[PDB]
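Trainee: Spelled out, the chains give:
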Amino acid sequence: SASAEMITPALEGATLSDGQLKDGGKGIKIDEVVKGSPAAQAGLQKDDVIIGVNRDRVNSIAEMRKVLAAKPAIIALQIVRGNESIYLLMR
Amino acid sequence: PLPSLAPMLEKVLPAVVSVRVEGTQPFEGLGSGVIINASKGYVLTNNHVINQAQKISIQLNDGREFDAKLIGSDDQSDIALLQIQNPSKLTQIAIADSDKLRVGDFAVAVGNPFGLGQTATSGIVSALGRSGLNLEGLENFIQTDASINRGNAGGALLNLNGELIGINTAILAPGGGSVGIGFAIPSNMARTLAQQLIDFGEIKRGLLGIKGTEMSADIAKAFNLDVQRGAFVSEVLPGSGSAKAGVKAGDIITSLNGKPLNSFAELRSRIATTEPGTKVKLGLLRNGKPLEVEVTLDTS
Amino acid sequence: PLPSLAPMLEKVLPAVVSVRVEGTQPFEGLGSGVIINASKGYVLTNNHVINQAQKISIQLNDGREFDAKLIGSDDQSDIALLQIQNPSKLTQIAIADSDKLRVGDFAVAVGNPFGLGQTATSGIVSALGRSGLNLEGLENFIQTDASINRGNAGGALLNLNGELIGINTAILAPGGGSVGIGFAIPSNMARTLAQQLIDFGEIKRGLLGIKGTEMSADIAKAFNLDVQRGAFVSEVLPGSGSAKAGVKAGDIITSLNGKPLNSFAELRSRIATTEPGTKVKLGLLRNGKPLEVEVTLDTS
Amino acid sequence: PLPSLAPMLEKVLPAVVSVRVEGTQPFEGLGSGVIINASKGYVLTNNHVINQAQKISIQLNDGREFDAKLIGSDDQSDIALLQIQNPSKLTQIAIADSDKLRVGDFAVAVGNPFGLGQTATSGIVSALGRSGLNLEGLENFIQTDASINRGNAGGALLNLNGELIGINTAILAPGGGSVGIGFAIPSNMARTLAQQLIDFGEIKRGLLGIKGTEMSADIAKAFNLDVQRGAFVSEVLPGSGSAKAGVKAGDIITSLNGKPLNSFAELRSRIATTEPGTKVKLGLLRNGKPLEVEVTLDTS
Amino acid sequence: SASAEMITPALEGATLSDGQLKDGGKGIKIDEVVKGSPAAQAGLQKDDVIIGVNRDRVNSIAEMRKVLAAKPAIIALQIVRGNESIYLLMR
Amino acid sequence: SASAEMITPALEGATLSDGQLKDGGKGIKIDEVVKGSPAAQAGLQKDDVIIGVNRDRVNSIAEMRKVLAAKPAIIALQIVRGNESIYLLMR
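Residue numbers (our numbering), protein chains in the order written: chain A, 1 to 91; chain B, 1 to 300; chain C, 1 to 300; chain D, 1 to 300; chain E, 1 to 91; chain F, 1 to 91.
One chain only, chain A, in its complex shape:
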C-alpha cells in the first residue's frame, strides 16, 4: 500500500493499492481516505478504482509516479465509481 503523500503533497491522507476493474482492467484501488485531508477535499472515497491519469493510461504505481515526475499543476484521475465514470482532480 504505497502512500500518496510521497507522490504529491495534494494527495496526503490516501492509501493506494493496485486494483482491477469489474472486467479485469489494471488500475489502482483506493483503500482509505483521511477526513479533512487535502485528498478528501478533492473527493477521494473508499473502494474507488483508478484506471488512468490525465491522458496517459496507467497500470501500476510506477507509471503515474514517473508521469507526475514532471509535476503537472493539476492531475486528472480517470476512475469508475460503480458503473458511472467520474473524474478526480487536484489543486
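Please keep in mind that the hints were generated in silico from the structure rather than gathered at the bench. Don't be surprised by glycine CBs; every beta carbon is placed ideally from N, CA and C. Among the hints, erroneous ones may be present.
Unchecked claim - As a list, the in silico DSS-like pairs of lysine-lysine whose alpha-carbon atoms are at most 27 Å apart:
1) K71(E) to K69(B)
2) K55(C) to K100(C)
3) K71(F) to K55(C)
4) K248(B) to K46(A)
5) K221(C) to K89(B)
6) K11(B) to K259(C)
7) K26(F) to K248(D)
8) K248(D) to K46(F)
9) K204(D) to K244(D)
10) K211(B) to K35(A)
11) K259(D) to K289(D)
12) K248(C) to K204(C)
13) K40(C) to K55(C)
14) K289(D) to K89(C)
15) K259(D) to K89(C)
16) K248(B) to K29(A)
17) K40(C) to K89(C)
18) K211(D) to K281(D)
19) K211(D) to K22(F)
20) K221(B) to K40(D)
21) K46(A) to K211(B)
22) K29(F) to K211(D)
23) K40(B) to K221(C)
24) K71(E) to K69(C)
25) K66(A) to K55(D)
26) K11(D) to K221(B)
27) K221(D) to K244(D)
28) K100(C) to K11(B)
29) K221(D) to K40(C)
30) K244(B) to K22(A)
To be verified - Here are the in silico distance ranges between beta carbons for each label pair:
31) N59(A) to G176(B): 56 to 62 Å
32) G288(D) to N257(C): 58 to 64 Å
33) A62(A) to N134(D): 55 to 61 Å
34) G201(B) to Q20(A): 54 to 60 Å
35) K259(B) to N61(C): 49 to 55 Å
36) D18(F) to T213(D): 23 to 29 Å
Following the hints, complete the assembly by docking chains B, C, D, E and F onto the known chain A.
Mentor: Relative to the frame of chain A, chains B, C, D, E and F by itself:
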C-alpha cells in the same frame, strides 16, 4: 451649448429612490432602488438590506415618503422586489439589454452614499463577466470604476441615454472607501428575475444535472486543446436531461447558444436564470473535436 | 484632433497659487488659493487654514515666492482674503454664476494634494445644495466627485470654460483619503462675501428675525400640505422686520425671490450673505393658502 | 453610435499581460507587463516585481500561460525586461513620445488590481516631472489621477489612440487604497532603456561630474536672478568632461539641449539615460549672464 | 398630575396639570420639566400653557391621550409663551 | 575661536577661527566640526577657508555675523579648498 449629463439626468433622477430599512436590537440601514413599473409602483432593490426588515420606508427625490411591502426575494442572486402603497404620479426607468455591452462603455452610478442624499458619479465599465469573488451564490458581476460607496446598494448603473444596465451590489474597500472598483449585477438577470417574481411570486430555477469544475490552462495544454476557457464536466447525473441528451464526463463546454463562454460561473448563472423545460444548445468538445447537442432543462 | 483639456487649462493654472502657513508647539500647514485681482493681488483662501497663522508665504506655479498679510475673515463662513505684497506679473481668474449650475456638469479641481505641487483632477458635480453636514456654521456646499485630498483646501473648482465656480472646503475621508466625495463652497456666495470683506473690512449679516426648524414629509402629512420642502416658522421675535411684515407662527416658507428652496439651511446662507436693508419677497403658505410678503432684513 | 472607449481597447487589450512571481519562506507576487516586440516576445515590467523572483509566469487575457527568463534589469530606473519562450500569436503595442505630453490629456490605465484580472480605468494627466518621492535614484515620473492600486505595477498607460505613454510604478496610499494620484515612468525613458537592454544586456550610465543641489527661489533672490527653477552647481570634479568644457563652480544650469527644464532631478535622470560619449548642448547662465557650452559624456 | 412618561416616551420628564388660560380658555399648565429630560430638550419650561396639539384642539388628558394612541411620529403642540404664540415640537 | 552655534542654529557643532588664505586673502579657518552635527551633515570639514557669504565678501567673523543677522531662510557659503572653489547651502 456645453456638453453635459444634465439633460439626460433631468428625466432619470426622479426614478431612482432611496430605501430606509428598520428591523432587528433594532437596525437602521439604508440603500437605494429603481422603480421598474410606475402604474402599480413596483421598486427593485437589493436583498441585502431587506433580509432583516420589519418596516421599509421609501424616500422619493422631492422628499415624499411612502411605505413598502416586500413581494418576494432571491437569496442566491441577492435580488428583492417591493411594492409602494398608494403610488401617485410616479416615474419608471427603461431597461436596456446588457448583452451588447463592451469594455469601455461609460456608466453613471446613482445612489445614496453615506446617507447624504441622491448622488450621481461617473465612471466606465472596467471589466465584464467578473466572477469568483466569494460574494454571492451566483457570480455574473459587471465591474465598474465609478465611486460606489456604502449605501449604494440597490442603486442604478446608467448609460448616456438613461437606460438601466446594472444594480450595484458589492464594493472592494481595503479601508472602508471606494478604490475605483465596484461590482454591479447586470440588468438582464435583474429584469428576468423581476418578471418571474411579479408573475409567479417565487422563483422556478432550472439545472442540467451536471457536476464539474472550472477550466484551467494546464489541463487544456496537457490534452492538446486550442481552448483555455470553458467548463470541465466531472460527472453526469442519471435521470437528468443531460443524460438523455448523451453528454459524457471529461467533456469541455465551449459555447452556449452561439455566444461564447468566459468561465464556469457564467454558465451556472445563465442556466439558473433560464426557465426550466426549455431547449438550449451546448458547444461541447470531445477528444479534440467539437459537437453540439440539445438539452431540455430540468427543475431544481 | 485628440480632445484634451490642455488648450483650456494652460491659461488657468498660473492663476491658482499655493499657501504655506507656519505658526504655533510650532506647526507647518499647507493650503491653496486663487488670485482674484491681478492689479492688487487679492488671494482667496479658507479661514480654518489661516486660523492660527503667524507667517504666510505664497508661491506660484513657476517657483516665484511672495508674502501676504490677512485682511479679514469670518469664522462662520470659513473663507478669508489676502493681499500679495509687491505684485509683479500676476494673472487673475474669471468668476461664473454658480446659480446656473445643474447636476451632471463637468468640473475640474486644482490644488496641492499632500504637498506634491499643482495638480488638476477631473470630475462632475454630484449634487448641489447639500447641507446639514455639521462641518461649519453655514452650509451651502456643492458636492463634486473629483478627488479632493488633504492640502486641497482653498483651491479652485473650474468648469470646462475655465471660469471659477467653487472653492473646495471639506472632504469625507473615512480613512484619510478621498472616496469620491468632496464639498466646495459656491462661487457667488464666496465672491460677494469677498467684495464686502475688502471694501468695508468686515461683513454685515442680515437677519429676518424668525426662529424656526426645517420641513419633513411628516409635518406636511399631519397638516395636509402638498409641499414637503421648506422652512417651518416656530417663533416671531418682536420688533424684527419680519414682525412688521406680518408673518406669524406656523408659517411655511416655500419660495425665495421666485426660486424654490430645498432646505432650511439654504435660507440661512442666502439671507446671511445678503447685506442688511435689502427688500426681499417670500412665498408662504397660511393654512394651505399661498400669499406673498415683503420683508426687510435687520443687522446682526 | 454612442461615444464609447471600446473600439480602441479591442485591438489593444490583449497586448498587456500579467506576471506571477513565486519563490523565497515562500512568497507569491503579482504584477503586469507590456509586450514590445511580437516576433520574439519581449515583455516589459518593473524590477521591484522580480527583485527576488525564482520562477516567472505570464498569462495572456485568453488564459494561455507561458514562462519567461530575465534578460536584464536596471536598479536605478526600476525597469526590467523579460523574454517569453515559445512565442506564438502574440500582439505588441505601439510607443508614443512622452515629450509631447501636456497637462490635461486623457489617459487609460490597465493592469491587474488585487488579483481580479485585467481591468481598465480612466483618468487624466495631473502633472509631469514630479520627483522627490524617495522612491528611486532617478525620478521623472508622470503623475496621473487614474485609480491604480496594488498589483498594477508594471502596467500600461494608453492615450486615446492606444499608444503607450507610461508605466505605472508607485501609488500614494495612506490607507492601503488608491486616492486619485498615480506615478508612472514616461515612455521615452522606458523605450531607450529597453533598446539598451535587448541590444547589449546591460546599461551604460552617462555622467557629467558636477556636484550640486536643488535650486530654490531664495537663492535666485539672493543673487538677483530672474529664473528660479534649475540646477545649482557647487563643485566640478577634476578630470571630468565638464572641466574640459570650462564649467566651474558658482554656476547655474538653465536649459538642456535647448529645452527649458523644471528641476535638477530631471537633469540627473535624463543625463543617466543618455549614452556615454555623446555631445550635448547646455543652456548656461553665470553672474546673470547667459552662456552656451557643449560638453561630452563620460562613463559612470 | 397624571404621569407624562406613560403617555408617550417623547414627553418623559414633565408634570402635567389641567389648568386654564389667562383669558378663560382651557389648556394644560405645565408644573415642572426636568432639566436634561427629553421634555427639556424640546424647549419645555415653567408656566407653559399648551392650547393646541397639531390640528385638533385639546382641552383634557383624555383627548391628547386618544390622539397619541395613534402614535404620531412628530408632535407639534401650540402654546402661548407669555403673550407670544409659539410652536413646541416633540417626537 | 568664536563658536558658530551662536551665529545660527544650522552651524551648531563647528568652531570657527580667523586666519588668512594662501595668497594673503582674509578669511575664516574651520578648526573642528563634531560628527553628527548639522554642520558636519552640511559637508563642512577641517581646513575649510571661508571666502564668501552668499554674495557679500567677508574678512572677519563680525561681517558675516551682521550679514546673517537678517536671518535669511536659506544660507550660502563660498569656500575654497586646495585650488578649487566649492559652495555650501544650509537652511
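Trainee: Does the structure keep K71(E) and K69(C) at a Cα separation of 27 Å or less?
Mentor: The hint is violated at about 59 Å.
Trainee: Taking only the CA atoms, is the gap from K248(B) to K46(A) under or equal to 27 Å?
Mentor: holds (23 Å)
Trainee: Would the pair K71(F) and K55(C) pass a check requiring their Cα atoms to be no farther apart than 27 Å?
Mentor: holds (15 Å)
Trainee: For the pair supplied as a hint, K259(D) and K89(C), is the alpha-carbon distance within the 27 Å limit?
Mentor: Between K259(D) and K89(C) the Cα gap is close to 23 Å, so the pair holds against 27 Å.
Trainee: Is the straight-line distance between the alpha-carbon of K289(D) and that of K89(C) 27 Å or less?
Mentor: Given that 27 Å is the threshold and the Cα spacing comes to 22 Å, the pair holds.
Trainee: With the threshold set at 27 Å, check whether the alpha-carbon distance from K221(C) to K89(B) stays at or below it.
Mentor: Given that 27 Å is the threshold and the Cα spacing comes to 17 Å, the pair holds.
Trainee: Check whether the Cα positions of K100(C) and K11(B) lie no farther apart than 27 Å.
Mentor: It holds: about 18 Å lies between the C-alpha atoms, which stays within 27 Å.
Trainee: Take the C-alpha atoms of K248(C) and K204(C), compute the straight-line distance between them, and say whether it is at most 27 Å.
Mentor: At roughly 26 Å apart (the allowed maximum being 27 Å), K204(C) and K248(C) satisfy the hint.
Trainee: Tell me if the straight-line CA distance from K211(D) to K281(D) falls inside 27 Å.
Mentor: holds (19 Å)
Trainee: Is the Cα-Cα distance between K211(D) and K22(F) 27 Å or less?
Mentor: holds (25 Å)
Trainee: Below or equal to 27 Å on CA atoms is what counts here, so check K244(B) against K22(A).
Mentor: holds (25 Å)
Trainee: Holds or violated: the 55 to 61 Å window for the beta-carbon distance between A62(A) and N134(D)?
Mentor: Check passed, 58 Å falls within 55 to 61 Å.
Violated hints for the displayed structure, listed by number in ascending order: 2, 24 and 27.
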